[PDB]
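Only one chain is shown below, in structure tokens, and it's the form deposited without its partner chain.
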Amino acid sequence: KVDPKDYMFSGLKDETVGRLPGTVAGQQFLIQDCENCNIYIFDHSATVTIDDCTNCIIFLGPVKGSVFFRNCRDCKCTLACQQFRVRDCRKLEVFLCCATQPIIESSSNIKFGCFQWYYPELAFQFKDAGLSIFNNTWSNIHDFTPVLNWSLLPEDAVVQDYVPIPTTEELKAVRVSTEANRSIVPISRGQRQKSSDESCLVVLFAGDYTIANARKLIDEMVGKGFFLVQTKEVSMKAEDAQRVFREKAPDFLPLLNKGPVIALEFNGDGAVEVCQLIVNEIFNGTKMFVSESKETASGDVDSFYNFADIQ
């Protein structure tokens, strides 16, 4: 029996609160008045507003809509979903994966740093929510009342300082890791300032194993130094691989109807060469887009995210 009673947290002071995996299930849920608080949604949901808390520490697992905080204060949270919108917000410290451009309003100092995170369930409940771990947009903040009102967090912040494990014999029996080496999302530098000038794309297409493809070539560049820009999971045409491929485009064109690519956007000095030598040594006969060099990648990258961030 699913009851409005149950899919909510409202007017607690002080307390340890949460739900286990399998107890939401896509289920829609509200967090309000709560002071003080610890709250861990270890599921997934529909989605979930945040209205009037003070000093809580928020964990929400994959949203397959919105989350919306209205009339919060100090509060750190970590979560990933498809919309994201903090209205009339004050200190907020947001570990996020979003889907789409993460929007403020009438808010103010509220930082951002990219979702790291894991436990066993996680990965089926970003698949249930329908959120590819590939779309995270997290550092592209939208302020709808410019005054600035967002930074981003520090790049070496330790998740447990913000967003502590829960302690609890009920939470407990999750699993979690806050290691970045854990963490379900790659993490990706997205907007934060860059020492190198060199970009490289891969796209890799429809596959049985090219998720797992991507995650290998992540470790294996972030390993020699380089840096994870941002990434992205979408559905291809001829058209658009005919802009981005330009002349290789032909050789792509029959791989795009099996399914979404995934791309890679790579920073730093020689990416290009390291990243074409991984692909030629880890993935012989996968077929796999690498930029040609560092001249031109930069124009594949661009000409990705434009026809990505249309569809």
The other form holds:
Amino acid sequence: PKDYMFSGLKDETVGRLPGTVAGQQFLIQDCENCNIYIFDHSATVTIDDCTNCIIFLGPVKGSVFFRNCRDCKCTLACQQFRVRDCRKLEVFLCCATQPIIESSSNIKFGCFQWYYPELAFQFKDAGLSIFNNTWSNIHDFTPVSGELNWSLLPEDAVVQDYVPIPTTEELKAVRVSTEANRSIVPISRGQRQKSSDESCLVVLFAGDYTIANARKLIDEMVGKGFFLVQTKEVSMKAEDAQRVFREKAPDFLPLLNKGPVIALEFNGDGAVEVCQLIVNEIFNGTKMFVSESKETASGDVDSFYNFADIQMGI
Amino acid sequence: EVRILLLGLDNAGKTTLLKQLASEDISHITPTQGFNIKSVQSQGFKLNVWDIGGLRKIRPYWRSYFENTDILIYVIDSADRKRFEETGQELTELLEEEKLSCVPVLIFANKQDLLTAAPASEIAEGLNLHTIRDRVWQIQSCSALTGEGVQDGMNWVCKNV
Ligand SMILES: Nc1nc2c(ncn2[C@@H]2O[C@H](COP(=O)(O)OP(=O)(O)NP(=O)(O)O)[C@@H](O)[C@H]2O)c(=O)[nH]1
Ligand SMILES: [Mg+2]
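Go ahead and give the structure of the form deposited with its partner chain bound, now that the form deposited without its partner chain is out.
Below: every chain and molecule of the assembly, starting with the one above.
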């Protein structure tokens, strides 16, 4: 019963409201000058031979595949991201794994920045963690010496300019915001160039208020002029807590078994000190790991990605 | 000790299948650059599966693995009809390969958990598989996501080692 596809549409604005796909595959093909909004979770999405489209894809349990597409603007979250035979794509991405391009040019990437009330649950139904996002991490299977088939969107890029909010009847029943501070996926710089070579690691442990804590912390650090590089969500075993936390592991061992930890990488001159001050004021009674100094933070971050890379590796 | 080659188009689910056989986490599987190796016990056999990257650009490396392959497992995205012709063509070229002559091939009609998923029936004769007489072959509907139907494929693999 394939009312799970958009096929051969021109000059239209269509989409899907919550509960209307409920984790099924979705298919886009042969669409020109269309605005497509899929506000629900998907199994997987292929986009074939689309020209000058605006696409939003709610969380995708599997892969998102762009093939033979030109001048598309998208915001999407997915487990895998794949691109082939495409030109001039602009993507606001959340991806579990490494984004991949092949036989493509002018592909531009930015961090997923979107919100609506139903979205958080959709991520959950898609089995996608909002903290596992490697969006800047592109591998190009067909590099071309002397140039670059992909880049990053400027940080000052405003989401409205690439993926406008829907203004049709059907579609504004879904209450959307493209503000950084309301985004379900926290905004990460990934591999954006940095001015500072000071990082800070924070690890929060599973619990009902942890997610909220991560956000509040993120907001406090950004308020003081620091940057969020990366987030991670992974199981910490006792062995792993020893590698990362070292002779501070004892203090955290009790907590490791309630579920996955949440790691945050902060960046900026003074990051560790300022991070310590905030945690000390705003999370009394809540145990978190914060790097001791500028001198050890780098070590901290590496050890964490090391152990976590292997847990998520093959 | 059995040598398994895992091929099929990028995104068909080769690695997801490999990690299900080794019974491991499947939610952080990245597209494969290079290849992956895993030993798996089934039915009393030690299976060395070679999971090879399958995107168009790196298929020319497939050849360098044909050597001493006991079994070809070939994986298809059943829920991606658009690429039926492309996988159709890669499979036909494999079975022409001299170094793979006589090698039993199992086809996995993968992702049957999905809606657009074309049944093993349609794919089979869609690739006119019934005109393979060089070797023993089988089509197994499966889902590398849930692991359902996988064991049934592997049982046939053991039957034909
Ligand atoms: N729903 C569903 N998704 C599946 C199934 N098998 C694989 N996938 C999904 O399909 C995508 C591709 O899987 P992957 O294992 O990377 O395929 P691959 O054949 O190794 N690709 P590559 O050749 O690039 O390495 C992932 O999003 C994976 O989660 C399945 O049976 N059902
Ligand atoms: Mg793979």
